[PDB]
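Student: Listed below, chain by chain, are the residues.
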Amino acid sequence: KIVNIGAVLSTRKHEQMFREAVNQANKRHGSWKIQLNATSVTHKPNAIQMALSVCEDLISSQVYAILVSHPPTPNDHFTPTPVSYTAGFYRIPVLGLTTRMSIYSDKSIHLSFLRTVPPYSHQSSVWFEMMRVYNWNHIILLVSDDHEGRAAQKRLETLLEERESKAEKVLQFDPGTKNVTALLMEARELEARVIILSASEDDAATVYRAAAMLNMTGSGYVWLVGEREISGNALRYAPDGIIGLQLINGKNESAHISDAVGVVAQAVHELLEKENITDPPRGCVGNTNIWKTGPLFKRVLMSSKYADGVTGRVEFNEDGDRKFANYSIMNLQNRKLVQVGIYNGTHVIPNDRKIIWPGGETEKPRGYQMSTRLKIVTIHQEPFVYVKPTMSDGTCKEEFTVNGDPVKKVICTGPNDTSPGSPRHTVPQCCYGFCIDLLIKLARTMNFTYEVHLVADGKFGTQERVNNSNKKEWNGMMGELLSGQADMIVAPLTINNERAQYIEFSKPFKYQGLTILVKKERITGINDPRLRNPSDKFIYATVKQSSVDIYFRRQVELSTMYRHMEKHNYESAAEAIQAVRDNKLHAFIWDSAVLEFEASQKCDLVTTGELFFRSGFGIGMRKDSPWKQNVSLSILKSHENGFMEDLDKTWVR
Amino acid sequence: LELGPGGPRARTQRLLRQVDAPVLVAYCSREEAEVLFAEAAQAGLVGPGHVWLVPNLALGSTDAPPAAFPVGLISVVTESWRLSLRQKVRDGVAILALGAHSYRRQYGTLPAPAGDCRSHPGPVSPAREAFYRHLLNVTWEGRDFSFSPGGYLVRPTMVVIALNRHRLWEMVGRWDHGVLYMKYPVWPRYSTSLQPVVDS
Amino acid sequence: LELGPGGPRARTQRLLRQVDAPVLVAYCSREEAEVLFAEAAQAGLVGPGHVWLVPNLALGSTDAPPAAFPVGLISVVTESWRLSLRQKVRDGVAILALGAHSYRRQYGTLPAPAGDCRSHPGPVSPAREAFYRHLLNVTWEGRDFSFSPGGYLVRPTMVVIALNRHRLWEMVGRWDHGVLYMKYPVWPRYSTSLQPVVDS
Ligand SMILES: *[C@@H]1O[C@H](CO)[C@@H](O[C@@H]2O[C@H](CO)[C@@H](O)[C@H](O)[C@H]2NC(C)=O)[C@H](O)[C@H]1NC(C)=O
Ligand SMILES: *[C@@H]1O[C@H](CO)[C@@H](O[C@@H]2O[C@H](CO)[C@@H](O)[C@H](O)[C@H]2NC(C)=O)[C@H](O)[C@H]1NC(C)=O
Ligand SMILES: *[C@@H]1O[C@H](CO)[C@@H](O[C@@H]2O[C@H](CO)[C@@H](O)[C@H](O)[C@H]2NC(C)=O)[C@H](O)[C@H]1NC(C)=O
Ligand SMILES: *[C@@H]1O[C@H](CO)[C@@H](O[C@@H]2O[C@H](CO)[C@@H](O)[C@H](O)[C@H]2NC(C)=O)[C@H](O)[C@H]1NC(C)=O
Ligand SMILES: *[C@@H]1O[C@H](CO)[C@@H](O[C@@H]2O[C@H](CO)[C@@H](O)[C@H](O)[C@H]2NC(C)=O)[C@H](O)[C@H]1NC(C)=O
Ligand SMILES: *[C@@H]1O[C@H](CO)[C@@H](O[C@@H]2O[C@H](CO)[C@@H](O)[C@H](O)[C@H]2NC(C)=O)[C@H](O)[C@H]1NC(C)=O
Ligand SMILES: *[C@@H]1O[C@H](CO)[C@@H](O[C@@H]2O[C@H](CO)[C@@H](O)[C@H](O)[C@H]2NC(C)=O)[C@H](O)[C@H]1NC(C)=O
Ligand SMILES: *[C@@H]1O[C@H](CO)[C@@H](O[C@@H]2O[C@H](CO)[C@@H](O)[C@H](O)[C@H]2NC(C)=O)[C@H](O)[C@H]1NC(C)=O
Ligand SMILES: *[C@@H]1O[C@H](CO)[C@@H](O)[C@H](O)[C@H]1NC(C)=O
Ligand SMILES: *[C@@H]1O[C@H](CO)[C@@H](O)[C@H](O)[C@H]1NC(C)=O
Ligand SMILES: *[C@@H]1O[C@H](CO)[C@@H](O)[C@H](O)[C@H]1NC(C)=O
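Chains as they are written, first to last, in the authors' numbering: chain A, 25 to 544, 662 to 794; chain B, 201 to 400; chain D, 201 to 400.
In short, the hints are calculated from the structure, not lab data.
Honestly, I wouldn't trust all of these hints.
Computed from the model, here is a short list of chain D residues facing chain B with C-beta under 10 Å [said to hold, decoys possible]:
1. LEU215
2. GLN218
3. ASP316
4. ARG318
5. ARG365
6. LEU368
C-beta: ideal position from N, C-alpha, C; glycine also.
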């Protein structure tokens, strides 16, 4: 039994190296009777003629495995495709030595394909590690629209989703298209200062020139790119201080040939014990069935720890890709590509030199540039946020407390519009109260300026399925905070699990619960049989798109509760209270903090039962906002000294 | 699972023994589907109380299904599943002819024929990119054959078929336009695969 | 399994690669234990994600354990573990002497000496039965040496020993009376390179 392997090369000289390497491999092994044989063929220009060349010689001979290399001149995924298809027809394993494209990782297209070199997509992994090293969280994924960009983005998103994080935004750059300036203009607005690029040489050069035009290469920014973006045309126009990376061996054909023949021989020896070896198809013509042993040969070849190779230990993952690697990190320091570290496979190891960031700084920059002018959204809640009309001169009535203290007021832009339906005019008013006083204290403590505006639709916000679609989208202050119109929510927003997945909540600044308001006392909580057996006799309702809606919708035990509620929800809390007092609605379920104040001030109404959902009000921010801790600390401090007691006494008597 | 000709008999019976589900959606090739159904029969997973659904990958040459397939297996195919080879050839020829006719009536000239292996084109010619787009949106004999950019069929008239008592693949429902036309108001179950009776 | 010398090796290897339990209990002789552990090491069932437990039978000379035994093996033995030979001989002679002393205290005389194999005393010789009954329950140096009617040690204090990283039989826990005390609040697990792994 003579086990023959084959190779398709280009240089006509590396085939002699492959013959030498296979001869050495034959000189060392368990058995020496298999008489390992080798054959080789040079590359052909025509792809169809190339595939026919694979069918002849290689396939015609009794070959067990095929190796394929790539000519030095970059031609991308064009040369190994025909041999991969032809050998995958018979499930004959094909080992790639220099190709880097991720299209060959898809086992649906290329069935029997393994590679000894990681693809371009795997680079994203090291980026994650770097993001762990420097604690960067806000990133932008500027990736091409081709398969490579989609694969890199998908892998990075998978890694990020394994952890608790998410990329700020991705930007699809269509290959070969000029004017990428729109994407850079969009990315300049965002808070993230870490730019990640995945594109070819021409695309990388184009985006580098466009970013130089937009001055996005200055101080504070961080650029992380791949191998294709620090070579060829890209390196010429690349801005200084970018951090790229490159594989250690990369193009050392001889190392990848020796390391491949060693593992192939080890695999052959390993599976030869079980025998049941089926001879190869012996020619494309005269056979239409796959080689039966082929699948098992590939399966045993994938799990083969050949830890004596030129390029280190060889191991393959579930998709037939070389598990580990070593990436050298490159910095463009004064037009020179200097090495500053080596990625062992799980952690980057910095040994010598110092990273020079693009702005010229010698100190690690944080990955965000939080602005000073802060847009803050708020809603109209009577005990917390009083909204009053401003006089014709642009400021509203001056007022003082009963004790004799000046009431601080700010200017806000609310939905006041004479036109019916939606708000069609944002006429300014003046806002004050508990939340605005807290906001003023917070802004004084944290040294930032603010612009306060009211929510567009008068709702707190729950995610709901968008019309003519199947996905759910947020609305209200929730939607405006997530979209970007507002940067912080200072309002009585109830903390709950649904909102905490997308919004970051500070420490609660007001503990409260949910209670029931009726006319001025035969209701005990939400467990009374009348409230468990809905009917026209006792009607109960809440505010649409609020925390109570979410609470009842997320309860399996209270489905009928929400079913009855859905028929009578109200636009706002104030109109619901007015309807209840006027004997148009029987019971109104709402927060204790507001309901108790309404019952105390306006009287003629009573709160019944004990609080059945204890929660707190919190300042809402975008996910992973850098200044969450600040605010939380301040809130805790306000609880400690005297501030929340004074705010309670002054506003909610 | 880990199916295949012969393979590792174990580690499938143990896993299939503790799956507590009344309806199962399986994805596997024809031989793998046969092995999985045989193992499930040995695992007490077929018969009434267990409904199987598979894509076309499990179905092979629907003219005659293997005996290992359990009665009540449900799948979804295209409308042309019951057509003959000649009818399918006619439909493909009609698709190409209508695409060429649309190209001719748009540009006022017949489509340019292709070449051969020598002198590979490289960048797709604008004429090719227009003939392809014209070939994409084509409707023939009521049924629409619009092709997605990926190359498959978008919004086709799909039929949900199932294996009957007499082990013959027959249509059970249609899809047409986003609306299901099921001929069984209640899904039937049959005495098949009731060797221990307790499986009922 | 077979676990015999020079037999089917594909069968054991195939079966051992199909198990995925995190806790494995084995029962075999010393040589069979070594064969099984070598195969499991080949089958990747030795790393920190697999804990093995064996009774006394799989163990051999506790002073010199073989290299096939994985680190983290657990077994349970009596107090005779780590005792010297002379101490064991003294304990046995003490048990017999205390039995004879109890017999003398009860009946005022020593039990009759044993006969010889060139005879068959059919009669049960109730004196000898009384001596045996006295020999059953006996305590010495604060340790219980009661014997079950089946001729084995009943309710003895036992120690649970484990093979630490230094490849020595360290004692982990004890079984005084019906209660268990163990040294380690959490079970350590070492990598295949004898590198302490901590579960994330
Ligand atoms: C071992 O490999 C050599 C590779 O050269 C094979 O020699 C080739 O055999 C094919 C088929 O007979 C011929 O078409 C080529 O012209 C041969 N090449 C050379 C350089 O002689 C040889 O046949 C193989 N041994 C086997 C298959 O037993
Ligand atoms: C890409 O196209 C946009 C058009 O939307 C160009 O944007 C204009 O650029 C000029 C000069 O830079 C400005 O005076 C205009 O105000 C821009 N218009 C807008 C709407 O922004 C942009 O310059 C083009 N870029 C390239 C590289 O061609
Ligand atoms: C690929 O790598 C190998 C080793 O990593 C290189 O082999 C070295 O070659 C030089 C001269 O060519 C010798 O002085 C060294 O001793 C060789 N290394 C060893 C370990 O023996 C080989 O040159 C590399 N090929 C390329 C194209 O860079
Ligand atoms: C990346 O480079 C390191 C060298 O620092 C390689 O580590 C070698 O690993 C082999 C086998 O694991 C050992 O025999 C060598 O002693 C190690 N080198 C040193 C200096 O300790 C590592 O294998 C490389 N990565 C890959 C995927 O090959
Ligand atoms: C609060 O922020 C303002 C603006 O960021 C700070 O004012 C700057 O103060 C530095 C020195 O402290 C000056 O060099 C800048 O020119 C000032 N800018 C403006 C616009 O006034 C202020 O110092 C901060 N308060 C602190 C740090 O307590
Ligand atoms: C949270 O508040 C702390 C103050 O205790 C901030 O720490 C200071 O931050 C400024 C600028 O960020 C530095 O110039 C100071 O040196 C920091 N002080 C100390 C003692 O380190 C912290 O930055 C705030 N958090 C955020 C996200 O801004
Ligand atoms: C099928 O698609 C083609 C191309 O998308 C349509 O061709 C267009 O026809 C209109 C008028 O008939 C022209 O104004 C467009 O310029 C054509 N598009 C081109 C040339 O790309 C064709 O009309 C579609 N079929 C039907 C029945 O509408
Ligand atoms: C071992 O058990 C035997 C009986 O099971 C004990 O012998 C008994 O001793 C009591 C002393 O009060 C007598 O009343 C009984 O008649 C004895 N029974 C028999 C069968 O001999 C004996 O004492 C126990 N051993 C020790 C050391 O206490
Ligand atoms: C090898 O093939 C024989 C039949 O030729 C079969 O009985 C046996 O199970 C096979 N062994 C394997 C696949 O390990
Ligand atoms: C609110 O809108 C009405 C109608 O447009 C307008 O008359 C009124 O002046 C607005 N309020 C304020 C404070 O300007
Ligand atoms: C909203 O969805 C309905 C279908 O439920 C559709 O009829 C209507 O046209 C959609 N409206 C808009 C503005 O898309």
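Student: Run the structure past the numbered hints and jot down the numbers of the failing ones, going up.
Tutor: The structure conflicts with hints 3, 4, 5, 6, although it agrees with all the remaining ones.
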